[PDB]
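Asker: The chain contents come next:
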Amino acid sequence: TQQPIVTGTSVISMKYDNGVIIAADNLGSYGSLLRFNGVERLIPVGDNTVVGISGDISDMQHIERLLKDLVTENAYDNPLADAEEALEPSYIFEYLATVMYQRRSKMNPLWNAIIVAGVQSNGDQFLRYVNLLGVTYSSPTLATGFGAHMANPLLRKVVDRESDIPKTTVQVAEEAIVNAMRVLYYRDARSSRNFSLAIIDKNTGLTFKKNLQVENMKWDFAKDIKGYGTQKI
Amino acid sequence: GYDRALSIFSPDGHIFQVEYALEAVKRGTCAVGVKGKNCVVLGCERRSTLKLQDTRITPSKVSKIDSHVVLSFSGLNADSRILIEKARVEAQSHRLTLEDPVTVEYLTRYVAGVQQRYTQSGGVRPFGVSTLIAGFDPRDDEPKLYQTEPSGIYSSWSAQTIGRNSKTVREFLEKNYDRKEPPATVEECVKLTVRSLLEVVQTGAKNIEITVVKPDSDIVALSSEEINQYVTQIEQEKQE
Amino acid sequence: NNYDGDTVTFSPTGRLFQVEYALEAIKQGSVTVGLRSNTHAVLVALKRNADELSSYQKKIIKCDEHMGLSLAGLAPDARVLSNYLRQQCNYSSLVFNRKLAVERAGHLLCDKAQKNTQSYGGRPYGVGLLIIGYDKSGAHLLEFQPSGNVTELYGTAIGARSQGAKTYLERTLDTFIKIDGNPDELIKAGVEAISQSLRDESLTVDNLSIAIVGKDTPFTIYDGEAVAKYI
Amino acid sequence: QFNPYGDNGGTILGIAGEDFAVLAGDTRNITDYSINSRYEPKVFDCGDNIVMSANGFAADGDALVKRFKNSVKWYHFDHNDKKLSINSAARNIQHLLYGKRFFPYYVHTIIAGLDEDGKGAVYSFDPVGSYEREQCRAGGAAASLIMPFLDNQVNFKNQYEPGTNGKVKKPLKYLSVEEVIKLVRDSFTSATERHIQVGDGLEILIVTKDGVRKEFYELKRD
Amino acid sequence: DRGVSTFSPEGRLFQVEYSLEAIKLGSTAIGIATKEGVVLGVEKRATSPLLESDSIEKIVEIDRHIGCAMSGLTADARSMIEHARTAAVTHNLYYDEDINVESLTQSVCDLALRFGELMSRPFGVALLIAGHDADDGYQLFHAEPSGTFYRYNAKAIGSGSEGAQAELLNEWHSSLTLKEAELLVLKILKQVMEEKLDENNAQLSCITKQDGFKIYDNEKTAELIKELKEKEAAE
Amino acid sequence: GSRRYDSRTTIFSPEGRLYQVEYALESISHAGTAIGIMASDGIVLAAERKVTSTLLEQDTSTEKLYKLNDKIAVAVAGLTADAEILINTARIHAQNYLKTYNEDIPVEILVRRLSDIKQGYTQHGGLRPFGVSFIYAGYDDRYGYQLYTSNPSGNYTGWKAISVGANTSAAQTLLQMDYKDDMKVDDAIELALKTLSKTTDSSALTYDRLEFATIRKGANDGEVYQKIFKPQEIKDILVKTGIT
Amino acid sequence: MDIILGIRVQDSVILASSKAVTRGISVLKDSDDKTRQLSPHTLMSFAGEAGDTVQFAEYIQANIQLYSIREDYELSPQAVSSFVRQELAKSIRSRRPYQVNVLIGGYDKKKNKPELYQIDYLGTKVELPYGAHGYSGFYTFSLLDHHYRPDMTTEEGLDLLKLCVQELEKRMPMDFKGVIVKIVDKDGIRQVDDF
Amino acid sequence: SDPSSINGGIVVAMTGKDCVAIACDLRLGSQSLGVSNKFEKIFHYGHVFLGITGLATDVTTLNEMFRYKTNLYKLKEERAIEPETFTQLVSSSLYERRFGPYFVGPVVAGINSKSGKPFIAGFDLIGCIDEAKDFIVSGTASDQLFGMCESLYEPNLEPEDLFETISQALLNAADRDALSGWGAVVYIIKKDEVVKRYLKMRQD
Amino acid sequence: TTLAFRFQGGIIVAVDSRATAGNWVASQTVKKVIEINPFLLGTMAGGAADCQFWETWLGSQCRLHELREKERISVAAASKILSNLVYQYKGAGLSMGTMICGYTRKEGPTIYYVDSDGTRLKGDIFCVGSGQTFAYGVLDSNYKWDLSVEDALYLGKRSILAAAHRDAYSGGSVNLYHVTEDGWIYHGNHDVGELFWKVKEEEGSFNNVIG
Ligand SMILES: [Mg+2]
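So the sequences go chain by chain: M, C, E, L, D, B, J, I and K.
Take 1 as the starting number for the first sequence in PDB author numbering and just add one per residue.
Take 1 as the starting number for the second sequence in PDB author numbering and just add one per residue.
Take 3 as the starting number for the third sequence in PDB author numbering and just add one per residue.
Take 1 as the starting number for the fourth sequence in PDB author numbering and just add one per residue.
Just so you know, the fifth sequence maps onto residues 1 to 117, 125 to 242 in PDB author numbering.
Take 1 as the starting number for the sixth sequence in PDB author numbering and just add one per residue.
Take 1 as the starting number for the seventh sequence in PDB author numbering and just add one per residue.
Take 1 as the starting number for the eighth sequence in PDB author numbering and just add one per residue.
Take 2 as the starting number for the ninth sequence in PDB author numbering and just add one per residue.
Since the hints were made in silico from the structure, they are not lab data.
Hints may contain errors.
To be verified - The list that follows gives simulated cross-link-like pairs (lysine-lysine, DSS-like), each with its CA atoms no further than 27 Å apart:
no. : chain 1 : residue 1 : chain 2 : residue 2
1   : E       : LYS101    : L       : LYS66
2   : E       : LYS64     : L       : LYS66
3   : J       : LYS177    : K       : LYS123
4   : B       : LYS67     : I       : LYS74
5   : B       : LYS99     : I       : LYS74
6   : B       : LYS99     : I       : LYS69
7   : E       : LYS64     : L       : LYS82
8   : C       : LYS61     : C       : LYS86
9   : E       : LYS49     : L       : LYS82
10  : J       : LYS90     : K       : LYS91
Hey, can you work out the whole structure from these sequences and the hints?
Answerer: Here it is in structure tokens:
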């Protein structure tokens with residue numbers, strides 16, 4: 001049993017026709033909404049998987065090491081480590097899922113919500129969620145914390161069902177993710193303007209974008225808002 | 001802990017440590033068990049090379065395991081104490097869980113199981129002890145007499161002997177004990193037990209111990225004078 | 003001589019005699035054959051009976067849906083090592099949702115066998131194994147020896163008079179390696195191979211034991227009337 | 001303080017026919033007032049013609065189904081590929097559940113298949129492994145909405161023969177697979193209307209001597 | 001001395017081979033499997049006439065559907081029987097069914113090689136495990152201290168085994184009735200036994216699907232001994 | 001491995017004897033003689049010190065006679081160091097019994113437990129047995145005055161008079177000859193010394209080569225006194241019996 | 001498990017123990033014997049937490065019966081009470097302590113004197129002419145303080161007990177369904193058939 | 001549920017001229033209920049006297065424990081333990097149970113057989129030593145005993161006088177405590193004689 | 002509601018079939034009698050899993066006794082195996098109310114009450130569960146030792162019906178058993194729905210309900 005001290009906010013993701021997108025802001029937050037910036041919450045594992053982590057930063061850095069440790073271990077006595085016997089998103093997820101559930105069952109959890117985004121060897125898009133309780137689920141759109149409340153509704157307008165994934169392009173999916181990140185910046189007190197976005201495409205491979213900023217924000221209308229009801233000036 | 005396998009097989013398929021344990025029994029003072037119609041008697045030899053003994057306090061050769069079961073033995077005296085203690089503990093443990101005293105067969109099967117365990121456990125030698133276990137099952141009038149030996153085999157006997165010159169006293173019992181008609185009374189059974197020991201003992205003075213067990217926890221040890229009367233009677237009848 | 007008392011003692015020429023004696027138990031064992039193409043991997047085993055009233059000792063053990071072995075030597079030791087493989091195949095599935103690679107299976111058997119050749123009190127394993135499997139890199143055949151030496155092969159044989167079958171496979175190599183998408187023909191080549199290790203006795207219905215794994219074929223064992231086709 | 005349990009909602013339904021059995025579940029996974037997934041199956045083919053669902057805390061449910069599937073695998077290895085009878089599977093699951101009596105799996109379990117006479121069987125368990133064979137059982141969030149309907153429409157409870165002055169009961173009889181699937185579909189659409197945690201999709205696994213067939217049907221997504 | 005788990009130059013375990021010599025010294029035990037049931041018979045071999053023969057338990061019940069006959073250092077069998085009974089009852093508790101005869105045998109044989117430097128030496132006793140199950144029907148197994156077991160249509164173990172096994176080779180066919188098998192066990196026991204066969208120094212048992220495992224009364228065995236003598240005199 | 005260097009201290013000979021027990025008894029036979037004599041009104045313990053030196057501090061020395069509690073003493077024959085291990089165990093067992101039952105430990109119970117510890121070293125553990133034989137002199141309210149002996153085998157027996165260590169064969173013949181049942185403590189003192197005086201390997205038996213102790217009811221009304229004799233008190237009793 | 005009384009008279013010890021066993025709102029049994037014979041001349045009555053009482057009593061019974069066989073000797077009431085106290089004194093600093101109170105009545109054949117010991121669940125031993133556990137002593141101690149004499153006969157002791165039971169049946173809220181009475185003297189342990 | 005005041009009772013120890021005195025009440029109760037009026041709280045191991053107040057099970061247990069330890073001391077050392085040394089042994093034995101303590105207030109009294117110096121000491125439940133020239137007090141009426149002792153006591157009292165002072169200190173303290181009284185015992189300890197007197201006091 | 006009573010003709014055992022989770026009726030078809038062996042019965046009250054698991058386990062322990070001792074276990078020994086087991090678990094939160102009923106030649110007909118506090122009681126009459134008081138009311142009022150087998154069976158059935166009616170956490174059906182020297186005999190499952198109205202009409206009882 002523990003209490004999270006420094007935490008990361010929402011991780012958002014969705015599937016498109018040829019792969020998956022995942023994004024997360026670069027902020028750590030203290031007790032009374034105190035801010036800290038300069039935290040990367042997207043962990044690339046190989047060139048086919050990205051692991052987005054929210055919750056306790058200390059537990060996130062432990063999981064970061066476990067994944068780095070996993071890649072090293074997979075290479076050991078493996079001639080096909082960079083080919084047929086390379087780590088898959090499904091393998092990396094199941095490992096993390098196993099750890100999260102046995103940690104909760106020892107009443108010493110890793111205080112995190114994790115989304116594993118990747119493309120399998122056969123080109124199938126992989127997107128699955130696991131959290132501190134070891135609860136797991138998959139969906140065309142996945143988000144943690146505030147993202148579940150605000151990002152999912154927006155992303156589900158693009159991909160509401162499985163049959164919508166082939167009709168969704170990377171251009172459309174990226175726009176949807178980038179828009180959703182701005183909405184989280186508007187409305188989440190623990191969010192930041194700076195965020196990272198990763199695209200895993202079966203044709204074009206893994207594209208990792210850092211030091212992205214929320215742009216085209218609407219604030220102009222604020223000047224016209226005076227008092228809380230009756231104030232005219 | 002000390003792990004060494006002391007009891008192991010030999011090329012000829014024998015376990016020498018178990019067989020050498022039987023030699024220790026053969027060296028032990030003679031013990032005889034004779035079961036009658038409504039009683040069992042346990043006769044035991046005491047070597048007469050020990051004078052200035054305090055018979056009051058000296059460990060007796062026949063041990064009560066419960067109020068209705070007795071154990072005699074031939075072999076290492078020190079080893080016998082460990083089997084008697086374990087048996088006495090198991091007797092009270094059976095009463096506590098089954099709410100009934102042990103059967104003679106059960107108490108035997110337990111002691112035999114302990115003896116067996118010491119023949120294939122690391123770091124231990126077998127018990128240098130064979131036991132005669134006699135008594136009456138609860139609410140039963142059928143006399144019971146069992147024998148155990150270092151290997152861990154046990155079996156039921158109409159009459160049986162163990163220890164030094166046991167082959168001589170077994171010879172006697174084999175022709176003097178009738179299966180179809182066992183000793184009807186206590187006197188008859190005690191007499192046949194004393195007679196069988198007098199083939200081996202030397203003198204019938206403070207060299208013979210007799211213990212009579214009857215149904216419903218009725219166990220009594222005979223004194224010198226009581227045993228001496230049987231010796232006097234047998235010797236007078238012999239001279240014919 | 004003086005250096006064969008235990009597995010913790012080297013000989014003056016640098017030999018481990020207790021291991022070499024364990025290796026001897028395999029030569030006394032009944033013959034088993036292993037061979038593979040690019041699509042399928044086959045185990046053929048000659049089962050041994052105590053007498054005509056007795057059953058024929060089962061030589062082939064399934065480890066997962068995609069992997070199993072045949073044994074030659076101490077059967078109980080095969081049970082211990084096959085049970086260990088079953089657990090390692092199982093651990094790979096439960097934890098990583100990943101079918102254990104045949105190569106890793108080899109590495110794990112090697113490292114388990116080795117510990118029993120360096121520790122006082124323990125003894126070497128007295129059995130040789132032929133592991134076949136189909137994983138992400140296609141068909142595989144392994145040869146395990148209780149020294150710990152594991153080897154990946156196109157084909158091989160272990161047990162009494164195994165040299166006959168091993169010579170045949172060495173000659174046939176170029177033929178049977180290209181038997182792709184034809185199970186029956188690859189088994190026929192395995193049955194003709196084990197036939198080179200027979201003396202007086204021939205292959206009967208309750209004598210022969212065959213197992214196969216491949217692209218769209220789970221590890222299945224054929225015994226009794228199911229192997230009558232290949233006699 | 002850390003709370004090791006959660007509620008992932010959902011509801012499941014098992015019905016036993018003469019020569020068949022069905023195990024149905026909604027495909028919605030929730031936490032509090034959020035939808036995690038609109039399609040997350042929780043009814044699984046476990047092999048040997050046994051279908052299983054552990055509804056409640058999804059982590060405990062996944063763990064138990066994983067362990068039972070493994071129990072079936074090791075039953076084959078240890079007993080010469082012998083088929084695990086539904087009654088044997090049920091007793092095995094009691095031990096899996098009671099194993100964690102003092103840290104329970106927070107789920108309600110239902111298995112369906114055929115008994116050794118080829119007749120439809122449904123077994124239902126509590127979290128700590130008390131079990132019972134039943135013609136009919138609903139489990140999870142909307143169990144309270146579905147179960148009385150099944151008492152009425154499957155076991156014909158509180159139905160009497162018209163004109164017999166409520167003296168002669170409506171006679172019990174086996175329902176066809178077609179008639180059972182109708183009751184399942186209506187049971188779930190009814191539960192979808194009145195229970196916020198039930199909806200999105202309905203997945204039915206039908207078990208006959210021929211094997212395990214699947215049917216999917218859309219439910220309201222509100 | 002030398003290690004307990006040592007291999008010989010021939011590739012056998014010394015202690016296992018030596019235990020097989022102990023089993024040859026044991027009293028004879030015979031098992032015959034038929035489509036009507038499995039018969040188990042033993043030589044009691046009392047060391048003295050005062051020993052009450054009925055107290056010699058060399059045929060033992062494991063469950064209702066599985067019997068057991070032993071030969072060798074019979075004391076060693078007590079813990080093997082305890083394990084078999086526990087395995088049979090435990091499996092019934094876990095799976096609500098009878099446990100397969102093969103699976104029970106495999107469980108007993110898993111003790112065999114759990115010795116070294125676990126217990127100090129191998130078991131000095133062989134078991135004939137006879138039973139019935141729904142899958143493979145009436146079965147007879149021979150469980151050695153090597154950890155190996157064979158299924159047998161018929162099998163003899165103990166002092167007279169090599170002589171008895173040669174006799175079972177000729178006499179056994181697939182169409183044997185239960186009555187025929189009983190007489191055949193008694194016939195072959197009387198051939199290899201030192202003392203003359205009667206109802207006191209020999210014991211019969213069987214396992215049938217209907218009545219399960221039953222140890223025959225001395226009165227019942229006596230009639231089969233009397234029936235055996237008459238039929239051999241008849242031709 | 002280590003199997004090569006294991007003496008196997010707990011195995012049977014082909015004749016069914018325990019090697020290490022037999023060899024331990026051989027060790028004890030070379031130790032200074034200890035005699036126990038039990039009278040109607042007390043017990044005598046007499047022991048011979050092993051070839052004393054003139055510069056050995058005699059008065060503040062304890063080799064042979066040790067106190068277990070207020071009612072039980074032991075005479076030692078064998079390795080002193082081995083005896084002290086067992087004596088400290090016996091002293092604790094006695095206090096454990098007193099703590100549990102609020103009664104002084106009956107003599108036999110203390111003897112049986114100490115004998116059971118020795119037994120263990122012969123059946124398991126792979127250690128050498130204790131090279132020690134004890135004469136237990138004690139009093140309890142059940143059996144009154146009691147003499148026992150234990151040896152490395154863990155076997156114990158009761159005695160009216162007994163010797164352990166050197167020349168027991170000779171010592172036991174002399175005791176068997178002069179001992180009677182209606183004997184007093186003063187008479188038993190004279191017997192113990194006369195027996196040592198004849199069995200001793202020394203030229204003449206002197207105070208400086210002896211340890212002596214009595215367990216009497218010499219204190220007022222139904223209570224037992226343990227008297228471990230001083231050098232001067234041995235010198236006096238040696239002149240009074242007319243040995244010097 | 002409520003009422004256990006004990007009176008030590010001239011030549012005997014009398015134990016009286018309530019017959020009622022109450023679980024929840026129901027009286028399950030009205031003939032319950034809350035005593036175990038430890039040895040032929042030593043009796044122990046008990047009261048406290050359900051299960052613990054019988055489990056503790058039988059455990060003590062087994063240990064004393066074991067001592068009796070091993071030594072072929074009856075342990076004195078003082079010795080048995082000291083053993084029982086030490087077992088409870090261990091219990092109180094256990095993971096789950098025995099919540100049992102006991103009276104030990106015995107006749108010491110060596111001293112030819114009756115002895116009554118009161119031990120609570122903490123292992124608080126005391127020797128008394130008369131004793132009780134729980135709320136029983138609230139009424140009986142004042143009555144015994146008045147009427148008790150050291151030189152009383154067994155009949156006198158039974159009459160003084162009737163006076164205690166009558167007071168309890170009048171002023172106690174629970175129906176304890178009467179008492180089983182047992183006398184411990186030189187001849188051993190007998191039960192008063194009618195009370 | 002305060003272990004130190006379930007059973008109740010008091011001990012007081014005082015020094016005089018070439019003598020010490022230790023005294024205790026005889027009450028054992030179960031809170032309000034008086035159970036025994038014969039529960040002595042003063043034990044002696046040779047010439048060293050120990051009084052123990054507090055939880056009665058622990059009073060009995062510690063008596064049995066110190067009897068055990070002093071019996072083994074005497075056998076090994078070949079002499080009776082002295083007060084100064086016994087004090088250290090009580091302190092050692094209590095602090096061994098630091099986080100699971102005996103709920104007791106022990107008091108040591110006696111004369112050193114070598115120096116002839118009167119010695120008293122008190123302890124808390126975890127074995128802290130209070131060594132005092134004048135007097136030591138323990139139990140449920142400790143406050144009352146502190147008041148009586150601090151006013152009544154003077155140094156170098158003769159045995160006959162010291163008896164009166166300690167007796168009056170105990171009796172008047174016990175009469176102002178509900179869980180103390182029911183009789184009292186006073187030990188007067190000289191170099192080579194010890195007199196034990198039972199006091200007549202109110203039985204309420 | 003479960004009961005068992007001793008009479009001239011042996012033992013009568015009667016139980017209901019209802020399971021509840023709070024106010025939710027979980028089942029009406031629970032088997033609250035464990036068969037164990039042909040001369041031994043166990044009743045279940047409290048936690049369904051606790052009772053079902055451990056009384057099934059008791060049946061295994063009783064089978065092992067009979068294989069080892071070549072004798073059927075006594076009701077005393079069988080009851081003490083279960084009471085000793087629960088005592089090990091005491092304070093862990095096991096919830097069990099139980100009656101071990103059987104005949105053996107040496108004991109005769111015997112009933113033992115065993116609960117998760119560790120209580121083990123021998124007695125002639127016992128009622129266990131939430132509805133025990135309702136059952137006791139009917140049983141104690143009409144109980145005679147010299148009841149006929151037919152009358153005893155009816156009284157057991159009637160006493161459960163009484164509790165099924167008044168107790169919210171009792172109902173479904175009545176399961177009836179008769180235990181003799183020959184063994185236990187099942188006397189059928191009686192749905193309270195049909196039974197109630199039959200009993201009302203024939204007995205002229207249950208005047209409190211609409212009639
Ligand atoms: Mg007062």
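Asker: Which earlier hints turn out false for this structure, listed by number in ascending order?
Answerer: none
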